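Here's a solo chain for you in structure tokens, the form solved without this ligand.
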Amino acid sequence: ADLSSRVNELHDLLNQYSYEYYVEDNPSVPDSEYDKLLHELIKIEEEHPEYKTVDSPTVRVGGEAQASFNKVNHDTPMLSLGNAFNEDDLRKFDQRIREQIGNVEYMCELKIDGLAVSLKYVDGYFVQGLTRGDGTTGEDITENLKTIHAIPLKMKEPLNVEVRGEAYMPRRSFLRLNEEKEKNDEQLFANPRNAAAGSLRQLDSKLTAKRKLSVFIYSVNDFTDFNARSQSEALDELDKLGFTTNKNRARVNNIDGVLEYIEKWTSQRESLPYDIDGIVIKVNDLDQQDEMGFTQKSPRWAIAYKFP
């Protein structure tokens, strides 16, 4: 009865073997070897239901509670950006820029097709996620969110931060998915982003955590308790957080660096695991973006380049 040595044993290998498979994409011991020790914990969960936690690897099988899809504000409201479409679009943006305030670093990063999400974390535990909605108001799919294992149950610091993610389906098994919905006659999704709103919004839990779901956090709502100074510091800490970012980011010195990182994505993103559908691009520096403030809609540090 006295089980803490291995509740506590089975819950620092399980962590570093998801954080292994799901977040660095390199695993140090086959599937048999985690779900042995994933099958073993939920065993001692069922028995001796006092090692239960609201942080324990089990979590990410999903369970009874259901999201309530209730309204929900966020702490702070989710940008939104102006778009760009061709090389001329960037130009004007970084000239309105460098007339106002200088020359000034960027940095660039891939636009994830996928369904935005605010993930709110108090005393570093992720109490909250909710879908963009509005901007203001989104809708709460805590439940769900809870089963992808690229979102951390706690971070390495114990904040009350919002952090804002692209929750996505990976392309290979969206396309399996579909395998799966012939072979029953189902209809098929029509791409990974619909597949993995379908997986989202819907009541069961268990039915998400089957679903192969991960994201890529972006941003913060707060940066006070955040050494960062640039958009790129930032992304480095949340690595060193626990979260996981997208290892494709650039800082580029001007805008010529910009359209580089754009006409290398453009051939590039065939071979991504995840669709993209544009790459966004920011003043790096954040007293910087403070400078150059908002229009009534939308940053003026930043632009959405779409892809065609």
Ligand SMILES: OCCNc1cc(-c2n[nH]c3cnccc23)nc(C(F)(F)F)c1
The other form holds:
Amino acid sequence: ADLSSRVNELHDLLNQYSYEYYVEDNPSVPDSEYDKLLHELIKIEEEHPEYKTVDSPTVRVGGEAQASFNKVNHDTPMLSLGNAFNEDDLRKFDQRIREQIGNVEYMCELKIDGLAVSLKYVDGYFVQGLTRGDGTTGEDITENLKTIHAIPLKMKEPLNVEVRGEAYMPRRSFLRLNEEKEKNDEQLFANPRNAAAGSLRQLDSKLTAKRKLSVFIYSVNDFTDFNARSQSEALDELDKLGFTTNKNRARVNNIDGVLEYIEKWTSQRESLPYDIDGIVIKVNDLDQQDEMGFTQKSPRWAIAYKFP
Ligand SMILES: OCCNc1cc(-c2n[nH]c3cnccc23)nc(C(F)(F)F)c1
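Could you give the coordinates for the form deposited with this ligand bound, as opposed to the form solved without this ligand above?
Up next: the whole complex, starting with the chain shown before.
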């Protein structure tokens, strides 16, 4: 049967509802509308398998295909962060940028306590997902990463990019999993991060799919195809491109702004639906980052404040 109209209708709708549920936090139809359409698309794909596609909404539920866990080199090494433990540490970081390159805007973000990942896109399609590993070599967990709804299977522009994201289990989901685990005499998960690790380290993606995992995208390997002149702009650019990012990001004009942000999120962290273990602070302008460059270990243009 021709069926192209109904398949495309279902892709339009199921992509629409999945984006509303997992990226926005505002669904537009009940669970039942999404559950009915998805069962229909699965049934079409069962009876008419020529309609199945690499980026179908049905990918989300996991398949028979197993994550290899093969050791795979990142396109570009994933940068590692230097740490700050107080305000003095932060004024030293601010002092040393401003002595070199002058006065800067900062980009402040919540530091997602997750599993760092590389998400490689070819012609706008999700094709490879690796753990961070040693920063240079990771493990291929692609088949499990694909079941995370906050990861687009297809970008709005056909880009050859490798994005970096923090993959995580929402706390509420972590707590109900431990409820289920306690009720079924299974040893409990230690924290959201270990639960998200265990579910990603699955050989079975169907099992990953039933875990309520998400992602926040923080960086990209190459800014050639991006019009962004700053980190703040690159995340807005990532939004328009189809990616899930943290909305709590803030551009501040100075280190008083930086400490003001830390003060807010010390006293607001409790209420978040996800674990954070710090605040990442970056020089916002991209040219200025290039101007600050790197030591042997880390960016000089970025620091992670760690919670006490
Ligand atoms: O544990 C290794 C984390 N590596 C990095 C994470 C983030 C990062 N930026 N924003 C985030 C939010 N949550 C967690 C991590 C990051 N940014 C960098 C960079 F600045 F060097 F590029 C490296």
